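Enquirer: Here's the letter readout for the chains.
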Amino acid sequence: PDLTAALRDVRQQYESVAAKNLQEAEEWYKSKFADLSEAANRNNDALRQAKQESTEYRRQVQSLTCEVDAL
Amino acid sequence: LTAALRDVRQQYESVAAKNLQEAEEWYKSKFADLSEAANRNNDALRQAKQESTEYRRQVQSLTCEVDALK
Amino acid sequence: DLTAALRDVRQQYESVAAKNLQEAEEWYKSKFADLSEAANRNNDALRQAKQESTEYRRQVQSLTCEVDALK
Amino acid sequence: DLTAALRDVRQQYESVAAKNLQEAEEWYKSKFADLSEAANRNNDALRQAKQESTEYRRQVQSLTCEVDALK
Ligand SMILES: [Ca+2]
Ligand SMILES: [Ca+2]
Ligand SMILES: [Ca+2]
Ligand SMILES: [Ca+2]
Ligand SMILES: [Ca+2]
Ligand SMILES: [Ca+2]
Ligand SMILES: [Sm+3]
Ligand SMILES: [Sm+3]
Ligand SMILES: [Sm+3]
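Protein chains in written order, with the deposited numbering: chain C, 263 to 333; chain D, 265 to 334; chain A, 264 to 334; chain B, 264 to 334.
If you're looking for bench data, these hints aren't it; they were derived computationally from the structure.
Treat the hints loosely; a few may be bogus.
Unchecked claim - Selected chain D positions facing chain A (in silico; Cβ < 8 Å): (1) 265; (2) 266; (3) 279; (4) 283; (5) 291; (6) 295; (7) 299; (8) 302; (9) 304; (10) 306; (11) 309.
To be verified - Derived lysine to any residue pairs resembling SDA-like cross-links, with alpha carbons at most 25 Å apart: (12) A:294 with B:293; (13) B:282 with A:264; (14) D:292 with A:313; (15) A:292 with C:295; (16) A:313 with A:294; (17) B:282 with B:270; (18) A:294 with A:284; (19) A:282 with C:313; (20) D:334 with C:329; (21) D:313 with D:334; (22) B:313 with B:324; (23) D:282 with C:329; (24) A:294 with C:329; (25) C:282 with B:278; (26) D:292 with B:324; (27) C:294 with D:300; (28) A:282 with D:280.
For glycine and all other residues, C-beta sits at the position ideal for the given N, C-alpha and C.
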């Protein structure tokens, strides 16, 4: 088994394996970034609605107050 | 010739080692960044909640003041 | 939940990163072997061709010694 | 700034992943070359030695026919 034949043999193997690893890695990180993204928006919605309640109560406060005066 | 191989492997590990340390360091920092951003969002959520029930007890009291009043 | 998801992903990364670190640590070690064994056979073939080069070399040094002593 | 902190990290990753890919391709490409050089030089040393042995064998053949023709 020639070293030049052994060296080239490794080069085909590397080039192929390295090509497979990249593909898998890219898809993996895609999925993870996806999970986090979903969780982020989920957290975003919560903060969004929580703020709604607050400003909604604030509206009610100055709504009743707007009626306490004429009272 | 084996002096070429011995040279290569020692170069590989010296780099492979440096690569793992720099990578592990990199991920931990990114995880740190994200962790902080999340906590800040949690704090932000926890706060908007406290400021919601706060506003709620107020209207409960005001609507009571409006009722009893005439 | 971002915090809960971050922890999840963080664990998955540490999970695979260790596995992969081995599928490569072993692979790169099995390959440096093929080249290392090939280089040894190669270094041998030379040490064999060189010794042949000096094995036939001396043979000439004798046939000459016979041709002259007979002519 | 959730979606932002996530996007920043995704960009940093994609950026780092690129440089990691181009530094790897170089490193391996050169290390392979180096090994090819050594396997080539050695290879030549073999052919040079083989042609040398075969050269002498030619002599040993005809030089013997002279030991015969004479004797
Ligand atoms: Ca390419
Ligand atoms: Ca990540
Ligand atoms: Ca950094
Ligand atoms: Ca920072
Ligand atoms: Ca306040
Ligand atoms: Ca905005
Ligand atoms: Sm009052
Ligand atoms: Sm180790
Ligand atoms: Sm670097």
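Enquirer: Each hint should be assessed against the structure and marked as holding or not.
Expert: The hints, checked one at a time:
With its C-beta approaching chain A no nearer than about 7 Å, residue 265 of chain D sits inside the 8 Å limit, and its interface hint holds. With 8 Å as the threshold, the beta carbon of residue 266 of chain D comes within range of chain A, its nearest partner Cβ sitting at about 5 Å, so the hint holds. This hint is violated: residue 279 of chain D has a C-beta 11 Å from the nearest C-beta of chain A, more than the 8 Å allowed. Taken as an interface hint, residue 283 of chain D does not check out: its beta carbon lies about 11 Å from the nearest beta carbon of chain A, beyond 8 Å.
Taken as an interface hint, residue 291 of chain D checks out: its beta carbon lies about 7 Å from the nearest beta carbon of chain A, inside 8 Å. Residue-level restraint check for residue 295 of chain D holds (minimum Cβ-Cβ distance to chain A is 6 Å; threshold 8 Å). Interface hint at residue 299 of chain D: satisfied, since its Cβ lies 6 Å from the closest Cβ of chain A, which is below the 8 Å cut-off. Given the 8 Å rule on beta carbons, the hint for residue 302 of chain D holds: about 4 Å separates it from the nearest Cβ of chain A.
Given hint, residue 304 of chain D at the interface with chain A, is violated; its Cβ is 10 Å from that chain's nearest Cβ, farther than 8 Å. At a threshold of 8 Å, the smallest CB-CB gap from residue 306 of chain D to chain A is about 7 Å, leaving the interface hint in force. The criterion of a C-beta within 8 Å of any C-beta in chain A is not met by residue 309 of chain D, whose closest approach is roughly 10 Å, and the hint is violated. Between the alpha carbons of residue 294 of chain A and residue 293 of chain B the distance comes to roughly 17 Å, so the proposed pair stays at or under 25 Å and holds.
About 32 Å separates the Cα atoms of residue 282 of chain B and residue 264 of chain A, which puts this hinted pair outside 25 Å; it is violated. The suggested pairing of residue 292 of chain D with residue 313 of chain A is violated, with an alpha-carbon distance near 57 Å, which exceeds 25 Å. Under the criterion of a C-alpha separation no larger than 25 Å, the hint pairing residue 292 of chain A with residue 295 of chain C is inconsistent with the structure, at around 32 Å. The hinted pair formed by residue 313 of chain A and residue 294 of chain A fails the criterion: a straight-line CA distance of about 29 Å is larger than 25 Å.
At roughly 19 Å between alpha-carbon atoms, residue 282 of chain B and residue 270 of chain B fall within 25 Å of each other, so this suggested pair holds. At roughly 16 Å between alpha-carbon atoms, residue 294 of chain A and residue 284 of chain A fall within 25 Å of each other, so this suggested pair holds. For the proposed pair residue 282 of chain A and residue 313 of chain C, the alpha carbon gap of about 44 Å is over 25 Å, so the pair is violated. Using a Cα cut-off of 25 Å, the hinted pair residue 334 of chain D and residue 329 of chain C holds, with the two alpha carbons roughly 12 Å apart.
Distance hint between residue 313 of chain D and residue 334 of chain D is unfulfilled; the C-alpha atoms sit about 33 Å from each other, more than 25 Å. Pair hint residue 313 of chain B plus residue 324 of chain B holds up; C-alpha atoms about 17 Å apart against a cutoff of 25 Å. Between residue 282 of chain D and residue 329 of chain C the CA atoms are separated by roughly 72 Å; this puts the pair beyond 25 Å, and the hint is violated. For the suggested pair residue 294 of chain A and residue 329 of chain C, the alpha carbons sit about 84 Å apart, so the restraint of at most 25 Å is broken.
With a C-alpha separation of about 20 Å, the suggested pair residue 282 of chain C and residue 278 of chain B falls inside the 25 Å cut-off, and the hint holds. Under the criterion of a C-alpha separation no larger than 25 Å, the hint pairing residue 292 of chain D with residue 324 of chain B is inconsistent with the structure, at around 74 Å. Restraint check for residue 294 of chain C and residue 300 of chain D: the C-alpha separation of about 18 Å stays at or below 25 Å, so the hint holds. Distance check on the hinted pair: residue 282 of chain A and residue 280 of chain D sit about 16 Å apart at the alpha-carbon level, within 25 Å; holds.
When held up to the earlier numbered hints, the structure conflicts with 3, 4, 9, 11, 13, 14, 15, 16, 19, 21, 23, 24 and 26 and fits the remainder.
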